[PDB]
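It is the complex with one fewer protein chain than it really has, and the rest are unchanged in position.
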Amino acid sequence: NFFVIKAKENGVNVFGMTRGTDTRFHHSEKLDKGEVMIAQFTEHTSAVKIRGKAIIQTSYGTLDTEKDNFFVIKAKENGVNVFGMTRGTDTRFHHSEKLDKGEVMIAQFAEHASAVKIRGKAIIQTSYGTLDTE
Amino acid sequence: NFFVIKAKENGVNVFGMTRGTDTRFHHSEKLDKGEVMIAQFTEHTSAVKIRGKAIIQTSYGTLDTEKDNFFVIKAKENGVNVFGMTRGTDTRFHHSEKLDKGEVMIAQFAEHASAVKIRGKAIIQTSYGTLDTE
Amino acid sequence: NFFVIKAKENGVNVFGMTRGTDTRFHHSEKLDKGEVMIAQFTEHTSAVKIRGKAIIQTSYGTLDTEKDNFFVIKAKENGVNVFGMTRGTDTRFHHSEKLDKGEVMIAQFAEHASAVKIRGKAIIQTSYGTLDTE
Amino acid sequence: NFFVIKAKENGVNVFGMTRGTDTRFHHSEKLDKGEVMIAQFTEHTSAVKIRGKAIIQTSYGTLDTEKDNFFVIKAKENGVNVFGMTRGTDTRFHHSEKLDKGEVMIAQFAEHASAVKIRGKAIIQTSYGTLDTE
Amino acid sequence: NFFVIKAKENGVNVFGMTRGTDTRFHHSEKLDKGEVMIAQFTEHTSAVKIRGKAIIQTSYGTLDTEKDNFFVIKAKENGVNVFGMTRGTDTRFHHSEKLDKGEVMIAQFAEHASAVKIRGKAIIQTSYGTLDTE
Partner (left out) sequence: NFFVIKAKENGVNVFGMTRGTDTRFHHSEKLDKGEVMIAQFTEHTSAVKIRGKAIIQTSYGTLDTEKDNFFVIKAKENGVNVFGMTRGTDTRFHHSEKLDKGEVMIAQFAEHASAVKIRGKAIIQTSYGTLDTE
């Protein structure tokens, strides 16, 4: 699937994380107020990160950061962290992406990892419905 | 498909059972109050077990343990047991997983077993509807 | 697809009939009052038989025996019989399964047979709707 | 797909026509009052003919003869005839099946023929809707 | 998909145009008042033409000529013409089929051509909706 980002201010940044064993951001793009971006998940990229005031549209619904198979994480407060579990018999926990208040994350279940653990106060969007940690 | 677990208290534990001839738990993870976990069925794992106060969301619906193709078993009282039948001409009965009151189980129909027998008082969720043993 | 059986009394029995040229029951299982069973059609088995007071859930709907692609046969009275036609140019009639009052049958259209003839007073469930012989 | 026939009287007969270059009936079966038959289209058979008082259920709907991809033809009066066109560059017209009042026909679009011409007064059922020649 | 033609008068004619580089009519059939024809698009034929008072049923809806992936063209007045564009880098315009008032055309997007230009006053039916040139 594909997602849409609209910038409500200047300073909105988006990051692309590689599909593979490790989860780090390799590219970053800057959006100005009123600009809109459309992107699709590809072989290289399986997840993205969003920071700043912006509007996000997805099949699950439309999400705004100012308000107070794939999944979406929105950080309600500071200290939000997410971990990913390795596929197969392996039992490692090596993924550490911290989301500050107002930031948003989107990721897909790939071969290298198809199970995720989430920490802190955040809002989760899924095909079933919307979930609030608090 | 994939499922979501939300912890309403500390002490919530989840177990992963291997896909194969035998059904035993090999890994266990601990969730704190307010944490949320998302996982998908993979080649290694075909079923899971849940104990403690937690909220579970599935395509069939949202299930809570505090209230008093794949299937979900919720133990209404103690003494709940489940058995699985072997595929093909074989007629063995070698699966014994006991669920205490408040515990929940989720499993998929795999090649090694695609028929299940359930004992005791429990609540069953399926694509057709919700069933109560009592 | 898969079906669900719930036992309203003790003495409920279920039979599994082999997928192949001949239609005979090779395995039988016993259910106690309040127990529930879930099974899926496999390579070995293409049809089943049910006797006694029980509740059956299917995509077509939920069926109870006490009330007075695949198909379901419920025997309204004694003397219910079913015959199956052989696939291809062959014109044999070699299937004889008699259903007593209250018994239920479920079968799938397989390569060896994809056409069925029914005798006696019975209730038929199909993807189109419910049919009564009387 | 598959169809269902229910007999409202004795003397109801059904015919099976072969899938191939020529369209003739090779087998015939007799149904008694209150009996029901279920059959599926196979490699050998691509069409059938029905005569007498009977009830027919199909995805398009339920049809009764007493009332006054595949298609269904019901003869409103005597003199109903149907012709089939050969696939490809050929322009022959060699199919002649006459339907008397009350008779019903069902056929599938096969490789040897995927275009049909109909004569006389008849009622036609299709995935789009019901059509009356008069 | 397949379409249905019903003749409201005598003199109704239907034409079949070949699937290939060139678009000419090779076969023609005559329908009498009250007759009905059903045909499916095949390898040889990708489009048809209809003239005279007739009733046409399609997934988009039912169309009548007397009223004053594939597409349907109905000529509202005389002088209606249609052109087809060649697939790939080629930029030819070699298709000229003129439709008189009351005539109807149906065609499919094939490998040799998947883009069409229409002239004159006509009514167009598509999966999205009905369009009127005027």
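Every chain is named by a letter (A, B, C, D and E) in the order it is written, and numbering of its residues begins at 1.
Basically, a contact is a pair of C-beta atoms (placed from the backbone, for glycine too) under 8 Å apart; a residue touches a chain by one contact, two chains touch by 3 or more.
> Which parts of chain E face the unshown chain closely enough to count as touching?
Contacting residues on chain E, toward the hidden partner: 69, 71, 85, 87-89, 91, 109, 114-119, 121-122, 124, 126, 128-129, 131, 133-134.
> Of the residues in chain A, which ones touch the absent chain?
That gives, for chain A, the contact residues 2, 4, 6, 26-27, 29, 34-40, 42-44, 57-59, 62.
The definition used in the following text is that only the chains that are shown with their structure count from here on.
> Residue numbers in chain D touching 2 or more other chains?
none
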